[PDB]
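J.: Each chain is listed here by its residues.
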Amino acid sequence: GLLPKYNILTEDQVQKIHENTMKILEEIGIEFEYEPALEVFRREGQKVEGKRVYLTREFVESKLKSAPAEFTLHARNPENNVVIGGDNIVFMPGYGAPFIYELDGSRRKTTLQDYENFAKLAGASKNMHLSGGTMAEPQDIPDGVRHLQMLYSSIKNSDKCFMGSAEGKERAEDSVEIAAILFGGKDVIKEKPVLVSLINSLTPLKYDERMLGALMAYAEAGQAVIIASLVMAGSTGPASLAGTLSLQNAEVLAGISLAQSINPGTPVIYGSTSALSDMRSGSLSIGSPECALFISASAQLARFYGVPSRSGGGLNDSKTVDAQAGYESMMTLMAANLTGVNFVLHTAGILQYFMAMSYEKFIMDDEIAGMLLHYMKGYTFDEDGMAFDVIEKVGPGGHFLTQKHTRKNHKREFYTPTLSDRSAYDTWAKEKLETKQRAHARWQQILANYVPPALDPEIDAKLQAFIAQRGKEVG
Amino acid sequence: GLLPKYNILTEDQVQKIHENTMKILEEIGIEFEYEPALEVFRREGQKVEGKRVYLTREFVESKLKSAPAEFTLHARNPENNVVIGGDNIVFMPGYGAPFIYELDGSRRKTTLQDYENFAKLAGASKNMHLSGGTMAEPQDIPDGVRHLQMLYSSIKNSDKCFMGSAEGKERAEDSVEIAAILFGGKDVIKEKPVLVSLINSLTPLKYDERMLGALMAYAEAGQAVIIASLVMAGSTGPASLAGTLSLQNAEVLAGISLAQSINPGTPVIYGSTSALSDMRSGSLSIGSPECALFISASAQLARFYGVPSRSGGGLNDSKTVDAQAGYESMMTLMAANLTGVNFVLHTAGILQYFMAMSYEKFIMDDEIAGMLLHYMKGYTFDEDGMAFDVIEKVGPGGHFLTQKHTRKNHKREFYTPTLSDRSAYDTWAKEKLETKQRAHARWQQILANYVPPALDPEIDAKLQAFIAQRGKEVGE
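These protein sequences, in sequence, are chains U and G. Mind the numbering: the first sequence is residues 1 to 475 in our numbering, read in order. Mind the numbering: the second sequence is residues 476 to 951 in our numbering, read in order.
Fair warning: there could be bad hints in the mix.
[Said to hold, decoys possible] The calculated BS3-like cross-link candidates involving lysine-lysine, where the alpha carbons are at most 27 Å apart (straight line), are:
hint, chain 1, residue 1, chain 2, residue 2
1, G, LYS907, U, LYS432
2, U, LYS408, G, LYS491
3, G, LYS498, U, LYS404
4, G, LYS491, G, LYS540
5, G, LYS480, U, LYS5
6, U, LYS206, U, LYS65
7, U, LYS5, G, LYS491
8, G, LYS907, U, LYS430
9, U, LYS393, G, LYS491
10, U, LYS23, G, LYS879
11, U, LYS16, G, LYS852
12, G, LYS879, U, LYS206
13, G, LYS883, U, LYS206
14, G, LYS868, U, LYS47
15, G, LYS498, U, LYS393
16, U, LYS404, G, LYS681
17, U, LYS430, G, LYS584
18, U, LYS432, G, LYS584
19, G, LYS681, U, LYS23
20, G, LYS498, U, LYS377
21, U, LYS16, G, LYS883
22, U, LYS393, G, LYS522
23, U, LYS23, G, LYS868
24, U, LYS186, U, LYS393
25, U, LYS206, G, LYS868
26, U, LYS393, G, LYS681
27, G, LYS868, U, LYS16
28, G, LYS601, U, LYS23
29, U, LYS109, G, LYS905
30, U, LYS393, G, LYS907
31, G, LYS879, U, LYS16
32, G, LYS905, U, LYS16
33, U, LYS432, G, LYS905
34, G, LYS868, G, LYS883
35, U, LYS408, G, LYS498
36, G, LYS480, G, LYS491
37, U, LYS404, G, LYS491
38, G, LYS907, U, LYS109
Because the hints were derived from the structure by calculation, they are not lab data.
Hey, can you work out the whole structure from these sequences and the hints?
T.: Written out as structure tokens, the structure reads:
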């Protein structure tokens, strides 16, 4: 009923990586740019020189041992509750992009209306399990209330799970307060998690105050944190795959141990965003087989450490929804699915190494998403199934076009494409639409038809009341 | 170095397929429309009613044991010798397409010049290990001598391995003669196989005269055959994954068991071309995840039966080199690579479920092939390596780009793209070239600057005298 996961590493090699990781954390250490964070380490008997911290293997292997292998995140509509990790996998849009690249190859700043559109699309879509977070940076809006309008867009436009803000102590806490209003208290959400948020390290071997202030805010509440590291081999990490993975490993676990020492059993996702620093281009390259290699190894490491994994997505370096957007996104999304990544931020919409979102790419990515979930269902070994009797009725030289079996079973075992054009030349040649152009017609169809799920009047009567008060307070 | 193969099925599931396949062969049978193949199965003690042969698992499982797990195909230039069957993988162009799809959307008939062009492109590419066969149908040339002209154009334009004709006994025997001239004798090429050729069943549960005629000629000589079944689920096969796989499995093992009855130990490749008959279009769909599942499972069945596999390629249903060409072809080729297919016909050039080759698509596919081979290299766990001391040197907040170890190892471990554009928007926005356009400039550059490897004048002269005489025979 479900394909097994691909593990690309031998068990001796996983041992090498971990032995190298432990050595890094012990010998070289990690700088945490936050007093409260250092205090936690000191109060946990770890070595700490100014901002630097050296964790032993026992302290980390101990802190990991309390980190839960699986946790539900809770949706407003419980029909969309989501189990993290899992032979399970969840998909959701790209995150952080300040640009929209349009079908015409032009570029523009993102807006709240983009955030909102992407919320609706993720809402509308059978394959997007979460509506996501920071889908399109709302430069439309004044900075200190961007989070406020964003979590409200996510609530008013989706009944699926959304993400909390990682931009600071107070922002983090606002988000927790907002989930609280939405589920009826902070205690409810402490035991039934609601938010996930992306906490990043500052490669190589640091953590900035803003991320940390969000991380601890979340681990002191009940809420989920992705501890992602983005090591760019050649640049912010060593020019070797084993090297940059070892470095990524050291960073992610240091973040996990902090959360776990702050709050034992608090939900944490191992995050890998590592890729290549292209030496010809100077810059990040996530459409690379190196990226695909980090995605793949990271999924296996996360199993090894007993925790859920986030990595991959429709990842690529193209500026347009062309053949490159297609083959690079598939390579990285397929890696993520086959190797059993649990949580795929950036499943849909991303172009040019996280620099841009695209409406057409969103639809492209949703197709490949559906195709890969279909691959991962596998084969069905029941009577219908093995189909012996139909093969027999038909016999040598017959066809199956008109069998009852074909009519009943095609629908059951086969994927209906949402985007791919499967017609003959003469049919296609009348308009010669490429995937880009079809994708464009499709997103417009979907936003024209999406009715957002209703939000209890009094709930958003309290959502607004709070956005009002904080609106003043931050000014 | 290299990465382990992905096995998508459990031991039990593999056994269930095998059971369903034996039942199909024992109870339903396959038609072999070629008296000589029928007489082979007769002497083997197998039931024949008219043209229908029923094969027992005792017989099939016995014959499979004589098929080698690995063999070598031998090229003009022995550096291009190729192992079929290890953890090994070999790539080559598309096969059989009668159209070229152009950058501007138009289509036209394939000619001999197209054939030659693809032989050169294959010849020039570091990721194509064979030049292929039937790369473009030479509709240009009288039907009866086409195979003669393709074989020569293969031998002249590339010193890599190439494929024989599968179009009947006589054209197979011509292929064997040509191979024997090139390498010294029929004896030498029986000990050191040279040719590989595509023998398809006629799904469901048939094999026609022309394919059987070629199969038996090649088995009799030492030459490799791909025994390949293309089942279309919902059309020529049942509308189910396990069912279509079982039917394909029955077709292939019936074919391999015939080859091994003729010449025990003769080189065979288990071939899966199975895909979807799409419900809305009524046509073959190879860019489907069903196709990807057939490829993956077949890679693992071949391992089970102890023979090499062929399946997959840059397979897609698109009419143009667009995002669908990209994602469909990467899915099916990545499946092939990760599950450990040995021989990938149609790695490069195919559009629209085998109806077309495209020169831009060839370049695209050559890029995805390169990326995929880099993926399967995997990690390097030596000292340089785990990079601990360079990490120690640099330290928190540092950067690696100005280190000796970066200079040393950047090129060693990282893939350099031949097609993907990794620039920032502002560079790219100057011309806004999409992949298909960059591909278009590249194939023209490659072809323009390609120089075929010198062919021995004496052997060349013999090849031409053989082909001159045969063409006269075929015209009389």
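J.: Next, verify each hint and record whether it holds.
T.: Taking the hints in turn, this is what the structure says about them:
At roughly 20 Å between alpha-carbon atoms, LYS907 of chain G and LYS432 of chain U fall within 27 Å of each other, so this suggested pair holds. The suggested pairing of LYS408 of chain U with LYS491 of chain G holds, with an alpha-carbon distance near 23 Å, which does not exceed 27 Å. The straight-line distance between the Cα atoms of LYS498 of chain G and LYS404 of chain U is roughly 22 Å, inside the 27 Å bound, and the hint therefore holds. Between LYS491 of chain G and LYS540 of chain G, the direct Cα distance comes to roughly 20 Å. Compliance with the 27 Å bound is thereby established for this hinted pair.
Distance check on the hinted pair: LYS480 of chain G and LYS5 of chain U sit about 12 Å apart at the alpha-carbon level, within 27 Å; holds. Restraint check for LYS206 of chain U and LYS65 of chain U: the C-alpha separation of about 23 Å stays at or below 27 Å, so the hint holds. Straight-line distance between C-alpha atoms of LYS5 of chain U and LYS491 of chain G comes to about 21 Å, which keeps the hinted pair within the 27 Å bound. Distance restraint check for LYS907 of chain G and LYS430 of chain U: the Cα-Cα separation of roughly 26 Å lies within the 27 Å cut-off, and the hinted pair is therefore satisfied.
Taking the CA atoms of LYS393 of chain U and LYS491 of chain G, the gap is about 21 Å. The hint holds against a cut of 27 Å. Taking the CA atoms of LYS23 of chain U and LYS879 of chain G, the gap is about 22 Å. The hint holds against a cut of 27 Å. Among the hinted pairs, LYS16 of chain U with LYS852 of chain G is consistent with the structure: their alpha-carbon atoms are about 18 Å apart, no more than 27 Å. About 23 Å separates the Cα atoms of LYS879 of chain G and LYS206 of chain U, which keeps this hinted pair within 27 Å; it holds.
For the given pair, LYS883 of chain G sits about 26 Å from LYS206 of chain U by alpha-carbon distance, which is consistent with the 27 Å threshold. For a cut-off of 27 Å, the pair hint linking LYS868 of chain G to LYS47 of chain U stands: about 20 Å separates their Cα positions. In summary, the hint linking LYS498 of chain G to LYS393 of chain U is supported, as the alpha carbons are separated by about 14 Å, within the 27 Å threshold. For the hint pairing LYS404 of chain U with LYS681 of chain G, the CA-to-CA distance comes to about 23 Å; that is within 27 Å, so the pair holds.
Using a Cα cut-off of 27 Å, the hinted pair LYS430 of chain U and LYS584 of chain G holds, with the two alpha carbons roughly 19 Å apart. The hinted pair formed by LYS432 of chain U and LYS584 of chain G meets the criterion: a straight-line CA distance of about 19 Å does not exceed 27 Å. At roughly 63 Å between alpha-carbon atoms, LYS681 of chain G and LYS23 of chain U are farther apart than 27 Å, so this suggested pair is violated. A C-alpha spacing of about 26 Å is found between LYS498 of chain G and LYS377 of chain U, which places the hinted pair at or below 27 Å, so the restraint holds.
Under the criterion of a C-alpha separation no larger than 27 Å, the hint pairing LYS16 of chain U with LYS883 of chain G is consistent with the structure, at around 22 Å. This hinted pair checks out: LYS393 of chain U and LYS522 of chain G have alpha carbons roughly 20 Å apart, not beyond 27 Å. Using a Cα cut-off of 27 Å, the hinted pair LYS23 of chain U and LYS868 of chain G holds, with the two alpha carbons roughly 14 Å apart. Taking the CA atoms of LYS186 of chain U and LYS393 of chain U, the gap is about 63 Å. The hint is violated against a cut of 27 Å.
A hinted pair counts as satisfied when its Cα atoms are at most 27 Å apart, and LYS206 of chain U with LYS868 of chain G qualifies at roughly 15 Å. With a C-alpha separation of about 15 Å, the suggested pairing of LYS393 of chain U with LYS681 of chain G holds against the 27 Å cut-off. Taken as a hint, the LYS868 of chain G and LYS16 of chain U pair is honoured in the structure, with Cα atoms around 20 Å apart against an allowance of 27 Å. Taken as a hint, the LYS601 of chain G and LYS23 of chain U pair is broken in the structure, with Cα atoms around 40 Å apart against an allowance of 27 Å.
Taking the CA atoms of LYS109 of chain U and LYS905 of chain G, the gap is about 19 Å. The hint holds against a cut of 27 Å. Proposed proximity of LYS393 of chain U and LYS907 of chain G is contradicted: the alpha carbons are some 56 Å apart, above 27 Å. For the suggested pair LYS879 of chain G and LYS16 of chain U, the alpha carbons sit about 23 Å apart, so the restraint of at most 27 Å is met. For the proposed pair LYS905 of chain G and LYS16 of chain U, the alpha carbon gap of about 46 Å is over 27 Å, so the pair is violated.
The hinted pair formed by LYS432 of chain U and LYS905 of chain G meets the criterion: a straight-line CA distance of about 26 Å does not exceed 27 Å. Under the criterion of a C-alpha separation no larger than 27 Å, the hint pairing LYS868 of chain G with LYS883 of chain G is consistent with the structure, at around 16 Å. For the given pair, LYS408 of chain U sits about 24 Å from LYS498 of chain G by alpha-carbon distance, which is consistent with the 27 Å threshold. Distance restraint check for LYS480 of chain G and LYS491 of chain G: the Cα-Cα separation of roughly 21 Å lies within the 27 Å cut-off, and the hinted pair is therefore satisfied.
Straight-line distance between C-alpha atoms of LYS404 of chain U and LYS491 of chain G comes to about 24 Å, which keeps the hinted pair within the 27 Å bound. Only pairs whose Cα atoms come within 27 Å are accepted, and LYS907 of chain G paired with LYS109 of chain U is accepted, the gap being roughly 19 Å.
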